[PDB]
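Undergrad: Below are the chains, spelled out letter by letter.
There are 2 protein chains.
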Amino acid sequence: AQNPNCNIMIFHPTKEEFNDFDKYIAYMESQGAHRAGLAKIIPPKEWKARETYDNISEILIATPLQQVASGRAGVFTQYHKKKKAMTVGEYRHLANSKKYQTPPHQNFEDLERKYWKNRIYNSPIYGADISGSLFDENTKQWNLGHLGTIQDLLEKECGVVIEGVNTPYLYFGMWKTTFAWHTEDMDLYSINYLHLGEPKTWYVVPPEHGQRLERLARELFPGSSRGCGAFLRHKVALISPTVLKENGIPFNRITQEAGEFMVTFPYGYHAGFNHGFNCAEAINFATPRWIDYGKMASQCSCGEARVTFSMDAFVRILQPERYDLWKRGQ
Amino acid sequence: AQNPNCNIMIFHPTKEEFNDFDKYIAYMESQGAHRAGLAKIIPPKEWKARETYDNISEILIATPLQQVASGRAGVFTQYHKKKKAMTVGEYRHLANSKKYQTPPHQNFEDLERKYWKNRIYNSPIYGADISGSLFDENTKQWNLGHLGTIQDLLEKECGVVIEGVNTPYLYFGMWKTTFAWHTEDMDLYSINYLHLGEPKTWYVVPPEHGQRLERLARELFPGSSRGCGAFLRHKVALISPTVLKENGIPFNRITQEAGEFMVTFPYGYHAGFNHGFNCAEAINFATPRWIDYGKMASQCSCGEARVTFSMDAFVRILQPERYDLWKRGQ
Ligand SMILES: O=C(CCCc1ccccc1)Nc1cnccc1C(=O)O
Ligand SMILES: O=C(CCCc1ccccc1)Nc1cnccc1C(=O)O
Ligand SMILES: [Fe+2]
Ligand SMILES: [Fe+2]
Ligand SMILES: [Zn+2]
Ligand SMILES: [Zn+2]
Numbered sequence: 011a012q013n014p015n016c017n018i019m020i021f022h023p024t025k026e027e028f029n030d031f032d033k034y035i036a037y038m039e040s041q042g043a044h045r046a047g048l049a050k051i052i053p054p055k056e057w058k059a060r061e062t063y064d065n066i067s068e069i070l071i072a073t074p075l076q077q078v079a080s081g082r083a084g085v086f087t088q089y090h091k092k093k094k095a096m097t098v099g100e101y102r103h104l105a106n107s108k109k110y111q112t113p114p115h116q117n118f119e120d121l122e123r124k125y126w127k128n129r130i131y132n133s134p135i136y137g138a139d140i141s142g143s144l145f146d147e148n149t150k151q152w153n154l155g156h157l158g159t160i161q162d163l164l165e166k167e168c169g170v171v172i173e174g175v176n177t178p179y180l181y182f183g184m185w186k187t188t189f190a191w192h193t194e195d196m197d198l199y200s201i202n203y204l205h206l207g208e209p210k211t212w213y214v215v216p217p218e219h220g221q222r223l224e225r226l227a228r229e230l231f232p233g234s235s236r237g238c239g240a241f242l243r244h245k246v247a248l249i250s251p252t253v254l255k256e257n258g259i260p261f262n263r264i265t266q267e268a269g270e271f272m273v274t275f276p277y278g279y280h281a282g283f284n285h286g287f288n289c290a291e292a293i294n295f296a297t298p299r300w301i302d303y304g305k306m307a308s309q310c311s312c313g314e315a316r317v318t319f320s321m322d323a324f325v326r327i328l329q330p331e332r333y334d335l336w337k338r339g340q
Numbered sequence: 011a012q013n014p015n016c017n018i019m020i021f022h023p024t025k026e027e028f029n030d031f032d033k034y035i036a037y038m039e040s041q042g043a044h045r046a047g048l049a050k051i052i053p054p055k056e057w058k059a060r061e062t063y064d065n066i067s068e069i070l071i072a073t074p075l076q077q078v079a080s081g082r083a084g085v086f087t088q089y090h091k092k093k094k095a096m097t098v099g100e101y102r103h104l105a106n107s108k109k110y111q112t113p114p115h116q117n118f119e120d121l122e123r124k125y126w127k128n129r130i131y132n133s134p135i136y137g138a139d140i141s142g143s144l145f146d147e148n149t150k151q152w153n154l155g156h157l158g159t160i161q162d163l164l165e166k167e168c169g170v171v172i173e174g175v176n177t178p179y180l181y182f183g184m185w186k187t188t189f190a191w192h193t194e195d196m197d198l199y200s201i202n203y204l205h206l207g208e209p210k211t212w213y214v215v216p217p218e219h220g221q222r223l224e225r226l227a228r229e230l231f232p233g234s235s236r237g238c239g240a241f242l243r244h245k246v247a248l249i250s251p252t253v254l255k256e257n258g259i260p261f262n263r264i265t266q267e268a269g270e271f272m273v274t275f276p277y278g279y280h281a282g283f284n285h286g287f288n289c290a291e292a293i294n295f296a297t298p299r300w301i302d303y304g305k306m307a308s309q310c311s312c313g314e315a316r317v318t319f320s321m322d323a324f325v326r327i328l329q330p331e332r333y334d335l336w337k338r339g340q
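First to last, the sequence lines map onto chains A and B.
The numbers in the first sequence follow the UniProt record's numbering, run straight up by one, and end at 340.
The numbers in the second sequence follow the UniProt record's numbering, run straight up by one, and end at 340.
One thing to keep in mind: the hints can contain errors.
Repeated chains share a single entry, so a pair holds when one copy, or any two copies, can fit it.
[To be verified] List time: in silico DSSO-like cross-link candidates among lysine-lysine, alpha-carbon distance up to 27 Å:
| # | residue 1 | residue 2 |
| --- | --- | --- |
| 1 | 255 | 50 |
| 2 | 124 | 50 |
| 3 | 337 | 109 |
| 4 | 127 | 55 |
| 5 | 33 | 255 |
| 6 | 245 | 305 |
| 7 | 255 | 25 |
| 8 | 305 | 150 |
| 9 | 55 | 124 |
| 10 | 150 | 33 |
| 11 | 55 | 255 |
| 12 | 55 | 93 |
| 13 | 245 | 92 |
| 14 | 337 | 25 |
| 15 | 108 | 127 |
| 16 | 124 | 245 |
Just so you know, these hints were derived from the structure itself, not from any lab.
All chains, please: the whole structure from these sequences, using the hints.
TA: The structure is reproduced here in structure tokens:
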């Protein structure tokens, strides 16, 4: 068994190795990368996502989300309050303002301490889930807008043609903007490229221990748990590394910097925060190894969790028994 | 299963919890601490090993050992060259001299980098394995000179009375002084208290993965491996964290500071280095759970490894089949 401690692995593909996405994901897994639930990939020195980021101020964030916290410092829920549209130029200026800017800090460790101590007392604004891409059309390797689709993977493995098209999303962040504990829709993989700006810190639980996190979550958020058997799908629940330690939940942490890829693996619970103004791009993907996770994925049928048009087909084909109840749920 | 990632756990016993050594070791293990191979224990704020360290300059280091390296930066062997006796006062002055002092550095991470890059190009002097204790006679808790003996544990578990008496050892360190990869004699536990001075960085492999380290060691030190089936017992072999990563060996690292205890668990391979002038005290101990490790411990019978008077009895009772060949070995 490779990577039995489930450590987060960091990869440095050569230009040649960076030419076949599926092959390299399979290679990473042959080294046990998936057992951590998250891997970092540093692209070849000669590679670039696009020429410059000089002309991105005019992107619209149609619905910025103010992330409002309830609970205690290390155990809280966050709800998203919709705000008026703003351009990325306006957003960046807001992120850099005295009210929202990254505070003085010694290092990543000091900033993490400040995040968990102080996060709940501020309400940062997140420009999340914006359909689009910042990869140059001519970028041929690891272009998140040119990956093979989940629908084609499911067709290749199961011999069934289905509707749907999955495309990338942009995320414009500032200090304290947060992603709550979750696995991907249908326990898919995700790939995240940090285009520019300040770092993003990640926490992850190994897939083999995901049910331990779920059990702790039910204990820590009893109301939410009664409401929905898969409430973590709502992406509202935060639990600090201190609280995870106290409860013996195995986990790992790593900081992603601009120019680096992170891949999350099937059923790898993850959460994190942004250090300051930044922009990331992400998309879900699948491999043959995902199919069995897709079949076993928990579903929110309470109506809260956002269902994409594409997920109908995944549930319909992989989870026919669950399909009706899930459908009437939302 | 507690601590399935085999993370090094840090404990903060209260004064009340610090009153029963065996009980607290058992508690730590009930939380899965042993799976890492190493745990840190921070004593209660009210506890002290002794009043001051003002009067320790007159301790004699009868045989200081100059640690001379051969091999490459990340894979080397060290031999111990005997030097003339010196007092701890003289040793401390040598450790603080321009030739031997800790170099300027940003943090522990920068110093670790410097250690592994530069260790082989210098020959620091180690005052190791000095029989004695710096615990005050009146220190009633976690006094390493007042622990129950291995001989009494073996008697309590196996009903056999044996000769021998195990006592503590002092270690006077300076920058770059090194302990090579090893498990304890008879795969016993050890406890190490850092009395004073600069830190000690530890690396450890989880006991469940010890044979992976051994296999890599045989590959990296082929000559030594041919010479002795348990050559790591010689305590001469160093392998850097970079090399361990490259070869997929699961391991963890932690830095011990003055006033802190480290416990190594049965068959937990460990290695490390001192940051600067310091003084540690250590002793081996046993629990009921050790007996089965004692029975399976590998032995050096090539004559190189130092056998204590006490180990005869352990091998004689726990490994009667191996006893003859081991005895003629040394
Ligand atoms: O889920 C999110 C943003 C939150 C989406 C959401 C949740 C609830 C309500 C509205 C929007 N973001 C990520 C997820 N997984 C990995 C990384 C991120 C990220 O923010 O870079
Ligand atoms: O083994 C040693 C010192 C080397 C003993 C030795 C080896 C070979 C030849 C002479 C002396 N030291 C430790 C072992 N295990 C944990 C910690 C230490 C330590 O130096 O604090
Ligand atoms: Fe995600
Ligand atoms: Fe040791
Ligand atoms: Zn729900
Ligand atoms: Zn030997």
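Undergrad: Confirm or reject each hint.
TA: Here is how each hint holds up against the structure:
no. : hint         : in the structure
1   : 255 with 50  : both (23 Å within a copy, 15 Å between copies)
2   : 124 with 50  : both (24 Å within a copy, 25 Å between copies)
3   : 337 with 109 : neither (42 Å within a copy, 74 Å between copies)
4   : 127 with 55  : between (37 Å within a copy, 24 Å between copies)
5   : 33 with 255  : between (36 Å within a copy, 22 Å between copies)
6   : 245 with 305 : within (21 Å within a copy, 51 Å between copies)
7   : 255 with 25  : between (39 Å within a copy, 22 Å between copies)
8   : 305 with 150 : neither (32 Å within a copy, 59 Å between copies)
9   : 55 with 124  : between (33 Å within a copy, 25 Å between copies)
10  : 150 with 33  : within (15 Å within a copy, 61 Å between copies)
11  : 55 with 255  : between (37 Å within a copy, 22 Å between copies)
12  : 55 with 93   : neither (39 Å within a copy, 50 Å between copies)
13  : 245 with 92  : within (16 Å within a copy, 63 Å between copies)
14  : 337 with 25  : neither (45 Å within a copy, 58 Å between copies)
15  : 108 with 127 : within (19 Å within a copy, 42 Å between copies)
16  : 124 with 245 : within (22 Å within a copy, 43 Å between copies)
In this structure, the earlier hints numbered 3, 8, 12, 14 are contradicted, and the remaining ones agree with it.
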